[PDB]
Structures are given as structure tokens and as C-alpha cells.
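Undergrad: Single-letter residue listing:
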Amino acid sequence: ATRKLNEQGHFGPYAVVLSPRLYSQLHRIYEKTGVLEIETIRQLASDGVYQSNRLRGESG
Amino acid sequence: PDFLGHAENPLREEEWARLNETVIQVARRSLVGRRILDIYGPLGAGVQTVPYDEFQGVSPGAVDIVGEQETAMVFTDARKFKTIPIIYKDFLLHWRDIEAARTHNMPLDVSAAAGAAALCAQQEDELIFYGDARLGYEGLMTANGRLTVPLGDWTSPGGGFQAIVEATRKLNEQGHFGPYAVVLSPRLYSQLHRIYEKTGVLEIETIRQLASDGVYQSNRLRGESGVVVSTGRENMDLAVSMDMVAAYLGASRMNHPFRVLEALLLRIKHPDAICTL
Amino acid sequence: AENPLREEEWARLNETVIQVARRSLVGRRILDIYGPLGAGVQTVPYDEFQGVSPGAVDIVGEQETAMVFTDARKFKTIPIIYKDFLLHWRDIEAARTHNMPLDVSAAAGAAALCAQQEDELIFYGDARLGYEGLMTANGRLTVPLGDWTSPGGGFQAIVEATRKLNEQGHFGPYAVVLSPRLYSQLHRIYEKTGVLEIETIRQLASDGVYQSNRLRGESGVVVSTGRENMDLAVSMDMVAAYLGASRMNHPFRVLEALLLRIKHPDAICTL
Numbered sequence: 167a168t169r170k171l172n173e174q175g176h177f178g179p180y181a182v183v184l185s186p187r188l189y190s191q192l193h194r195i196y197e198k199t200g201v202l203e204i205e206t207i208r209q210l211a212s213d214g215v216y217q218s219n220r221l222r223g224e225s226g
Numbered sequence: 001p002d003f004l005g006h007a008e009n010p011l012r013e014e015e016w017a018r019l020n021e022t023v024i025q026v027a028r029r030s031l032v033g034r035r036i037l038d039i040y041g042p043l044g045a046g047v048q049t050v051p052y053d054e055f056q057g058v059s060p061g062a063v064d065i066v067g068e069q070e071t072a073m074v075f076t077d078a079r080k081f082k083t084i085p086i087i088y089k090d091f092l093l094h095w096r097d098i099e100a101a102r103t104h105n106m107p108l109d110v111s112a113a114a115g116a117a118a119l120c121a122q123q124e125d126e127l128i129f130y131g132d133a134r135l136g137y138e139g140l141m142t143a144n145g146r147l148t149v150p151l152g153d154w155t156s157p158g159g160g161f162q163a164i165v166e167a168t169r170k171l172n173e174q175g176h177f178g179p180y181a182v183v184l185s186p187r188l189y190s191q192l193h194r195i196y197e198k199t200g201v202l203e204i205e206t207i208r209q210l211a212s213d214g215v216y217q218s219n220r221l222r223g224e225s226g227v228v229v230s231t232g233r234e235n236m237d238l239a240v241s242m243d244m245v246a247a248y249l250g251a252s253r254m255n256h257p258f259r260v261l262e263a264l265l266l267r268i269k270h271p272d273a274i275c276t277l
Numbered sequence: 007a008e009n010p011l012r013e014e015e016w017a018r019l020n021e022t023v024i025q026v027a028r029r030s031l032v033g034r035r036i037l038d039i040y041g042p043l044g045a046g047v048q049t050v051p052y053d054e055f056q057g058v059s060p061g062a063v064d065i066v067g068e069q070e071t072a073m074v075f076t077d078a079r080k081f082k083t084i085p086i087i088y089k090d091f092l093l094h095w096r097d098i099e100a101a102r103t104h105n106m107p108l109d110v111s112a113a114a115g116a117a118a119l120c121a122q123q124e125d126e127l128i129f130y131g132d133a134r135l136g137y138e139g140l141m142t143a144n145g146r147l148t149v150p151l152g153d154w155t156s157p158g159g160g161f162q163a164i165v166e167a168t169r170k171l172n173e174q175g176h177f178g179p180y181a182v183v184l185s186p187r188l189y190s191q192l193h194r195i196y197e198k199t200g201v202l203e204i205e206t207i208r209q210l211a212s213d214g215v216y217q218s219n220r221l222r223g224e225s226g227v228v229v230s231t232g233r234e235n236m237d238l239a240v241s242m243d244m245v246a247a248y249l250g251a252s253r254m255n256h257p258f259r260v261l262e263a264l265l266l267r268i269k270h271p272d273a274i275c276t277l
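Protein chains in written order, with the entry's author numbering: chain C, 167 to 226; chain A, 1 to 277; chain C', 7 to 277. A prime marks a further copy of an entry chain.
Don't read these hints as lab results, they were simulated from the structure.
For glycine and all other residues, C-beta sits at the position ideal for the given N, C-alpha and C.
Heads up, a few of these hints could be off.
Said to hold, decoys possible - Interface residues of chain C toward chain C', partial, derived using beta-carbon atoms under 10 Å:
1) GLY178
2) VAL183
3) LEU192
4) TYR196
5) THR199
6) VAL201
What the hints assert, rightly or not - Within a straight-line C-alpha distance of at most 27 Å, the following computed DSSO-like cross-link-like pairs (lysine-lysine) qualify:
7) C:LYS170 - C:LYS198
8) C:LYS198 - C':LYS198
9) A:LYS269 - A:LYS82
10) A:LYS269 - A:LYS80
11) C':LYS198 - A:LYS198
12) C':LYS198 - C':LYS170
13) A:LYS170 - A:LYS269
14) C:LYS198 - A:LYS198
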């Protein structure tokens, strides 16, 4: 998604909104070493990764 | 010209302060109900009755260019007020112990105070989580419209997540979603607290991220059950008339028995935000 | 037949005893004490337990349920624990003129022995005299601490101990005391991701996980740190006193007067 934004010449500090199912289940803590997968996504986004229960099941 | 008699309060000021501090702190330690819920502020001793609003409403808001929806949400027939009970225990303190704590060995012992207040809070949490038919009250695991969902999948390495997932799905089906909070029985909670789910870390971390208001433990619940609720107001409440406090009943044979008071009543203003086994 | 030391040396001796005490006492970091009652008292009141009275009457007005009180009133005698050492008059004179350390190694040894005896007393009552031992108490809620030396080890036992405490309606901020063998070997750093197993146990307990080399090889306990559950009646804190000169050599004795009164023996788990 970030490379598709950048290809379109539209970048910056991104933000992410995920459905609660994923935003909970995404805590697959083991990426490889010690850091939460959601934490590394947040490092990639740099303006938070929020959840909103109003979204559908598998969307973000 | 001494301790004997049926006089008023025997305890001095600082002793009263220590008694009150002990009951308050052991209450704060032992209360799990008053964390998942939220309380209508202390009304006072006098207030014996509080309103008990009717039931659910499937009426949502609406947005139009010019406000004409009329957004009705009206109670229909009555209001069926209810009354606030009381819960208490005993403080059988010896007179010789009080006498010793004046001119002699003086660590005034109030262990019975902490024990009695712990029992009182346990009974109160039993009240919230289970109504008693004698007073005709409603309990979270015995209300009407609990939106039941089977569990039938624990004792497996990872057969606990999908139960709360299904509970959340059913709770959102009624158009009632928000910050969920879960309360579980002791053995169920410990079993949930087991080793990695084979897809990350301990299951309770994922469950706590999914709930967003914590997973709590209650010994007072039955063996193999638990609930998930919507923590906001406009859905549930805990009307408090007066918080835990120790008061002097009377004079026993020669001792002094006390009693700890607190008047609480749960109000399920919206019995849609309850889910169980 | 006199009084040997002046203020400075007395203060140094007392400070050394206090330092070795506060270093070696493990019990004082898990139990809170009943205020120092003075040397006068020798007896204290005792527990209240199995007060099975729901008190959950929950009726407008009030019912007449049973009040909670001591199950059977009785008393216990506060022991005295002491260690004796010796000093030489020539040593004092030398420390007064030639050099000025005033060697107090004997005092440190005495304080260490006294503290070890005290901790053994707390973790094991004296069977001959007859007291209550944390690993020999009645109503101990034993839980099998076995099947360790495994990836998922002490966690599976601590969670079971906590659920047994909570089932008994007795919870709060727990504390854990483990034998040194385990408290070292428990550092099986890999739970799954990055956090010490002892660190996650400490997160579960929330009032420390201490070790005490006085325990046996494969034993450990978990308790509820609050008062009104466990207590430590103190009559006087560890202090050094003078036994009177004999043959010009000055003896000395370090004293402590402690007794634990387990009010609510429901906060116990063992092997």
C-alpha cells in the first residue's frame, strides 16, 4: 500500500485504520526477534495505527 | 468510673480513622464488579428508591439536510422503580483488647474488620453477578436476553479466542458495539492464561487487545462460565446510596460488635450488552 | 563490672549490626510488622480463621447472621533469638591508641547467624517448641510444583497457585519466595518472544519474586502481601547488649524478639 501511494507521487506520514478483528489478531508478536508486528507497522506508518469497530470484518 | 457500661462509641478518633481506612482499602482490593461497571454518584443515606428504565431500543440516529427524523425513544407504560438493599457483617471485638490498647500493649487489632469487610464485598459481588429471587432482582448471568453462545472448545491449545470472537459478533449483531469488558471464572481464567496460542504469545494479551477494557477474574462466578459486556453508561449502571463504612450496632454481653454497610443496586438499563455461555 | 565502650564505638557496633540485618532479612520485605511493642510484652493475641459466614444477607432492614470473630481465642509466647560473641580488652586498648578500626567482625558474624536463625524460624516453625511454619502450616493449599526443567515451567505452577488462592476468595497483590536453585535456574529466558520467565512471573505477582537460601532444594511459596492476613509481631529490633565483663574479656549478645502470627492461613501454596 505504501509503495502504491508513493508510486502515485503522494507520500508523507501515513496513518492506518484497521477493523477490530485484525487490529487484535494482528498481534502476531513474532516478526522475527522481539517486536510486535503491530509495533513495526506503527513504526512504518509513524502516525498511529488505530482501530474502529464500525468497519467490516476484513477491511482496513 | 471506668470502661463498664453501655455507653456510646468506645473507639477514640484515630481508632475510628484506622477502622475506616481498613474497610475502604480491603473493599478496593476485593471489588471486581465496581471496575467493569461505573457508578451513579453517592445519593446519600435517605434515597431508598431509584428509577429503573424500561428496556432496549432499536432506534438509531439519523442525518438529514433539515432535521425532521423526530428520533423518538420513549418509555412505554411504566417505570417500575426498585429499592436499594443493604449488606453487612460483624465485628466482635473484645473489651479487654480495647482496654489493653490504652495503658498497655497497644497495636489495636482490627483483623476481624478486614475479614468482615472482605465477606461483605464478596456478597455484594455475588449480588451483582447473581440476583436473589427473594428480592426479585436481576443478575448478569441470569437476566433476560443474555444472547447465549456456546463455548465447547476450551482445553485445546488455542480454542478460546473464537468464543469471545463469536460473542463480540453476536453483540454487534444487535447494533450494540463499543469498548467490551470480559469477566471470567477462576479456573477458566487460568486455563485461558496458558502457553502461547501457537500463533504468537499468551492468549490473554490478544483477548485484552480485542476487549479494550481488560479481562477480569471473579472467584464468585460459577465453575465454567463468563461474560462480556459493553462498559459504557446508557447501558448499565451501579446506583450507590452509601459506600462501605463501619458503624456501631450496640453493646453485646460486654463486647462491642460493629457492622459494615454499603447500599448498592445494579441497573441493566439495556439488557442487550450482556453475553454469557 | 563496668561499661566498656564510649559513644562512637557503640554507634559503630550498632550500625554494623543494623546493616547486616537489613541486608540479610528477606522476611521483612514480604511481611509488614506490628509496631514495636517494647521489651515488656511477651504474649500476643492470635488468629481468626474459617469464619464461614456469607454475610450477604442483602435485605432491607437487616437479618441476624453470625458475626466474625476469633475461632478460638488463645495466646502465644514471643520467643527470643540471640547470638553471643566476645571482645578482648587489649584489642579495645589497641584500637584506642595504635590503630583505630576497632575490628567488629565478630559482631557481623553474630548478626548474620541471628538473621539466618530468624529467617529459618519464619519459614519453619520450631517443632520442639511448637509453632506455625510457612511450609508446615495447617491448611496450606498444596499445589504440585513438579514437571519443571521444561519450557513452560514455573508459570504453569504459579497460575495454578493463583487460581487456588482466588478460588478460596483470597486475592490481591501476591508475592513469591523461591529456593535459590529455582530462582537462578528459572531464568529460562525464552518464554516465547523476548522476556525473562522470572520477569513475567514478577509481572503476574506484582510484589516481587524473592529468593531465600534458607529454603530447601525444590520448594517455594506464594502469599498475599497485605496485613490482616499475615503479621510479624516484633518486641524489639535486632540490637546488641552487654553481658557484663568476665575475666576482663567483654562478652556481648545481639538480641531479636519476633513472632509471626498467620491470621488467615488461606494465602499459602507449597509443593
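Undergrad: For every hint, state whether the structure bears it out.
TA: Outcome of the hint check:
no.: 1; hint: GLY178; in the structure: violated, 32 Å
no.: 2; hint: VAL183; in the structure: violated, 26 Å
no.: 3; hint: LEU192; in the structure: violated, 15 Å
no.: 4; hint: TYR196; in the structure: holds, 6 Å
no.: 5; hint: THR199; in the structure: holds, 7 Å
no.: 6; hint: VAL201; in the structure: holds, 8 Å
no.: 7; hint: C:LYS170 - C:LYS198; in the structure: holds, 26 Å
no.: 8; hint: C:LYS198 - C':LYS198; in the structure: holds, 11 Å
no.: 9; hint: A:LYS269 - A:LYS82; in the structure: holds, 13 Å
no.: 10; hint: A:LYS269 - A:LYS80; in the structure: holds, 12 Å
no.: 11; hint: C':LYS198 - A:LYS198; in the structure: holds, 10 Å
no.: 12; hint: C':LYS198 - C':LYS170; in the structure: holds, 26 Å
no.: 13; hint: A:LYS170 - A:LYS269; in the structure: holds, 19 Å
no.: 14; hint: C:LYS198 - A:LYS198; in the structure: holds, 15 Å
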